[PDB]
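Chemist: Chain residues, written in single-letter form:
Number of protein chains: 2
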Amino acid sequence: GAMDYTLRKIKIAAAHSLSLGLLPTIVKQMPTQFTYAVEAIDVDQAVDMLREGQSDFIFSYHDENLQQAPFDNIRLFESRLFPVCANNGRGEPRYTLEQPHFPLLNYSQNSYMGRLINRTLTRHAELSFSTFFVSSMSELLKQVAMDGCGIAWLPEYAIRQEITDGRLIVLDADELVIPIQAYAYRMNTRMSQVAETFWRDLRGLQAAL
Amino acid sequence: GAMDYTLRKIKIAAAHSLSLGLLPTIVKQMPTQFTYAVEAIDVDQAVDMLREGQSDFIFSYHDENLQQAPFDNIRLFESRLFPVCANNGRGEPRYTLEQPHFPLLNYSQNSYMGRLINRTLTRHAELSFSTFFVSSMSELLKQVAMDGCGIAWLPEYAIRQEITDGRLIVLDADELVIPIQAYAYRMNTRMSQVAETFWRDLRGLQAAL
Numbered sequence: 094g095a096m097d098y099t100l101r102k103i104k105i106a107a108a109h110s111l112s113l114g115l116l117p118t119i120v121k122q123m124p125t126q127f128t129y130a131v132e133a134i135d136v137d138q139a140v141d142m143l144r145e146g147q148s149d150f151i152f153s154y155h156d157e158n159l160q161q162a163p164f165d166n167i168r169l170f171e172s173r174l175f176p177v178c179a180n181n182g183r184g185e186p187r188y189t190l191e192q193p194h195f196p197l198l199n200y201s202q203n204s205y206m207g208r209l210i211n212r213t214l215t216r217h218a219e220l221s222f223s224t225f226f227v228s229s230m231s232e233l234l235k236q237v238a239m240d241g242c243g244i245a246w247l248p249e250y251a252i253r254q255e256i257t258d259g260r261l262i263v264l265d266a267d268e269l270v271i272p273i274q275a276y277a278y279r280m281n282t283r284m285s286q287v288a289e290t291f292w293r294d295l296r297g298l299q300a301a302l
Numbered sequence: 094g095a096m097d098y099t100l101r102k103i104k105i106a107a108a109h110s111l112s113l114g115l116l117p118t119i120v121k122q123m124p125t126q127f128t129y130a131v132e133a134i135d136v137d138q139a140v141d142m143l144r145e146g147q148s149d150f151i152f153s154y155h156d157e158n159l160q161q162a163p164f165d166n167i168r169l170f171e172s173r174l175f176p177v178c179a180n181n182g183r184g185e186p187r188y189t190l191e192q193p194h195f196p197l198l199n200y201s202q203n204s205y206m207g208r209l210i211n212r213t214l215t216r217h218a219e220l221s222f223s224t225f226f227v228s229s230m231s232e233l234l235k236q237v238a239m240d241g242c243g244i245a246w247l248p249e250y251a252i253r254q255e256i257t258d259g260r261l262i263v264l265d266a267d268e269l270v271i272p273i274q275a276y277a278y279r280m281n282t283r284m285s286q287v288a289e290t291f292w293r294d295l296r297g298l299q300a301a302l
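In the order they appear, the protein sequences are chains A and A'. A prime marks a further copy of an entry chain.
For the first sequence, the deposited numbering assigns the number 94 to the initial residue and increments by one for each residue that follows.
For the second sequence, the deposited numbering assigns the number 94 to the initial residue and increments by one for each residue that follows.
Among these hints, one or two may not hold up.
Said to hold, decoys possible - Stretch-level coverage of chain A by chain A', calculated; a stretch enters the list once three of its residues show a Cβ under 8 Å from a Cβ in chain A':
(1) 109-115
(2) 161-172
Said to hold, decoys possible - Chain A is faced by these chain A' residues, among others (derived, beta-carbon under 10 Å):
(3) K102
(4) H109
(5) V120
(6) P124
(7) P196
(8) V237
(9) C242
To be verified - Computed list of chain A residues with no C-beta within reach of chain A', every gap over 10 Å:
(10) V120
(11) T128
(12) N180
(13) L209
(14) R216
(15) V227
(16) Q254
(17) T257
(18) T282
(19) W292
(20) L302
Source of the hints: derived by calculation from the structure; they are not laboratory data.
For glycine and all other residues, C-beta sits at the position ideal for the given N, C-alpha and C.
From just these sequences and the hints, can you work out the full model?
Modeler: Below, the structure written as structure tokens:
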């Protein structure tokens, strides 16, 4: 998108596990002064797409490479990952964390969520699992979990209603809960008036996210 | 995934606009003999990922490059894209196709759906639009449309319930309806016994998709 230019276009790259949950809320609450070009990326594409001008802003998670001096950021929200699974028809989990080699529905090895989930499982040797299904898309993992195919770590904002309906059941609310923080990243350099307006309004919007 | 190997792993690459709608139905109805590694791709990555052994199968649409002799295929289903938008609170479309420069929510220029949608708009000079929001994810376009941000062409399987609820309203059921066909692609070469079992069972499953 380096050569691509309009007066109003905002070029956003967003992590796979974050696009659907976050973009509609921003698009709906932003002033009607922008147009949007958004592409889903893996976490490690973000550095180069910002520096090469392919994206104006990155919607990602905590990134040590991006929280340094050449970039600027604002924390959009924090959330938590819960291990969940479908119910057993009686309001109880269909699977148990203690089952030897329980079916795990995981994010990809090169994803931010996957790294923290694998780090968590490693520290808890009391848990053995067999990886049944791997995908980068949060909503794909969510649906596969809802269908009863195993246990998945999913962020609270994506499963809020399903926890209320009981279609998904939380398996642990303490040691296996993983904290996550979502950030918007940009270059420290001054940008166009429309992009600077977008950044200003996104900060003012952050409280309501 | 060339070096990655297990006895049961099936490596699938699926187009962005197709992953969420199709993968859960396959995963749920397949025999419990496989594990799944699925990554979302753009349409034009499929040729090389098949030939280089990075994916066992591709879930994509009609692809002239992939329907040739070196590859084999089975049509999973056909569908249709409908231009839809949110309601106006009275059971009528919030937007009209005849509005000068109506807000369009489009797939990306390098997507299969985007090419056919743009081809359709070009042939219909009676329609002027302003592109408000571009994304590869079908479910992101769907949510942005549901929130009332403009008109989007979306496949019937993704909006079936919303058309019934009236949360989305079809704007045309004739000249602007775009036909689409979803295929599973593989190399014509003989594969492992587990992948050949997967291909056999996917054919037997196709009728129920």
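Chemist: All the hints need checking, so say for each whether the structure fits it.
Modeler: Here is what the structure says about each hint:
| no. | hint | result |
| --- | --- | --- |
| 1 | 109-115 | holds (count 3) |
| 2 | 161-172 | violated (count 0) |
| 3 | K102 | holds, 9 Å |
| 4 | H109 | holds, 7 Å |
| 5 | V120 | holds, 6 Å |
| 6 | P124 | violated, 13 Å |
| 7 | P196 | holds, 9 Å |
| 8 | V237 | holds, 6 Å |
| 9 | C242 | holds, 6 Å |
| 10 | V120 | violated, 6 Å |
| 11 | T128 | violated, 5 Å |
| 12 | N180 | holds, 16 Å |
| 13 | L209 | holds, 19 Å |
| 14 | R216 | holds, 24 Å |
| 15 | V227 | violated, 5 Å |
| 16 | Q254 | holds, 14 Å |
| 17 | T257 | holds, 19 Å |
| 18 | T282 | holds, 25 Å |
| 19 | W292 | holds, 19 Å |
| 20 | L302 | holds, 15 Å |
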